[PDB]
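A lone chain, given as structure tokens: the form deposited without its partner chain.
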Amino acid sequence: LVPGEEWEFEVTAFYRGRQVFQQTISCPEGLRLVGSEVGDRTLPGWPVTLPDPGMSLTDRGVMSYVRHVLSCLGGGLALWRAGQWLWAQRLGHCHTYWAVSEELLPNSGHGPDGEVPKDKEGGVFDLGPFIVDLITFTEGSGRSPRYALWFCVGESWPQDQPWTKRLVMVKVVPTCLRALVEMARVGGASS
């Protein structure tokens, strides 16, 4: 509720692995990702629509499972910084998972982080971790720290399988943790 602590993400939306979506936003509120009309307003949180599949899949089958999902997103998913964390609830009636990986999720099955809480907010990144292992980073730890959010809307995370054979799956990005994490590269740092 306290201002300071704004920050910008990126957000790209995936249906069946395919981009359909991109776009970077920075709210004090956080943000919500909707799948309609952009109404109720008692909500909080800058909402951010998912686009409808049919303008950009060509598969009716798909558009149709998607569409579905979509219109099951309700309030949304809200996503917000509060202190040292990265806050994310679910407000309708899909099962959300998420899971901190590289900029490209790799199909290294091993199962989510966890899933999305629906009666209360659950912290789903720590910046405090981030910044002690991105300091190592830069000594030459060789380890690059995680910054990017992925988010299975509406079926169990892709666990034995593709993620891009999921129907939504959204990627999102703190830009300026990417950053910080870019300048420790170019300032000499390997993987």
Contents of the next structure:
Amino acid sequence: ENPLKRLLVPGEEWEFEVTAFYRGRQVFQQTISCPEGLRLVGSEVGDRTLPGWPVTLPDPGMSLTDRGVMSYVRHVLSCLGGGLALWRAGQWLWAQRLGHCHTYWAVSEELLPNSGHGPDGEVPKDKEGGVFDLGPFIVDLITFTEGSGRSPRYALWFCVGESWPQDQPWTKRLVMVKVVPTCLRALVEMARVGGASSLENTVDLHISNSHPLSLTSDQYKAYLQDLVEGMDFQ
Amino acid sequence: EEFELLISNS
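Could the form solved in complex with its partner chain be shown next, to go alongside the form deposited without its partner chain?
What follows is the whole complex; the chain from before opens it.
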């Protein structure tokens, strides 16, 4: 069968890598696998009946050093309330704002949140909003393996409590959070090493109850095509 | 700096 289809099995858990930046400085990183997805919080803890594994963004610390902008960070964190939920259902990633901080998002490069022609949207409150569709990603990944397109983007970036930094250095923003579904990072890496030859390379999908796959470039491309045939497109 | 926070009320 097609081992890549495990990505879309109802009940399957993806691993998400969450990395937080205060003023362009990495302050936190955690990898989460949970049937409920994840929920970014500032530790106003907090309603435990809220959905999602709570991912606590750290207090900036009480140093005199940098006290000004860090007090702004602390204020934003203190207003996160219920926070920012992110979870998977089907071929989609969904987000929802459960607290008071307006949050904007984009699917971007690993290292650069904003370029990017502005944000892809604002995370909604009181209902879920789709932030990522695996379907077009796989189509673009197939194109990538054929030499005909760019590396497909999979890094979700959230700007918390401020406008999206369009045409501004992203490092000026108080609270920026990157979430990478690590299966997608692995799929892109696997595509890059595929053209090395027709020997076998290993790809670790980083999903629940899954084993590292050893595949030839042909096998991999074949599985991607089969995977995309069973996915939903409008 | 100048920070325009986008935080709603209760």
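Numbering follows the first chain given and starts at 1. Each form is matched to the other, and the largest set of C-alpha atoms that superpose within 1.5 Å is called the rigid core.
Residue shifts between the two forms, rigid core superposed: of 129, 39, 162, 61, the only C-alpha displaced by 2 Å or more belongs to 39. Once both forms are fitted on their core, the CA shift for residue 120 between the two forms remains under 2 Å.
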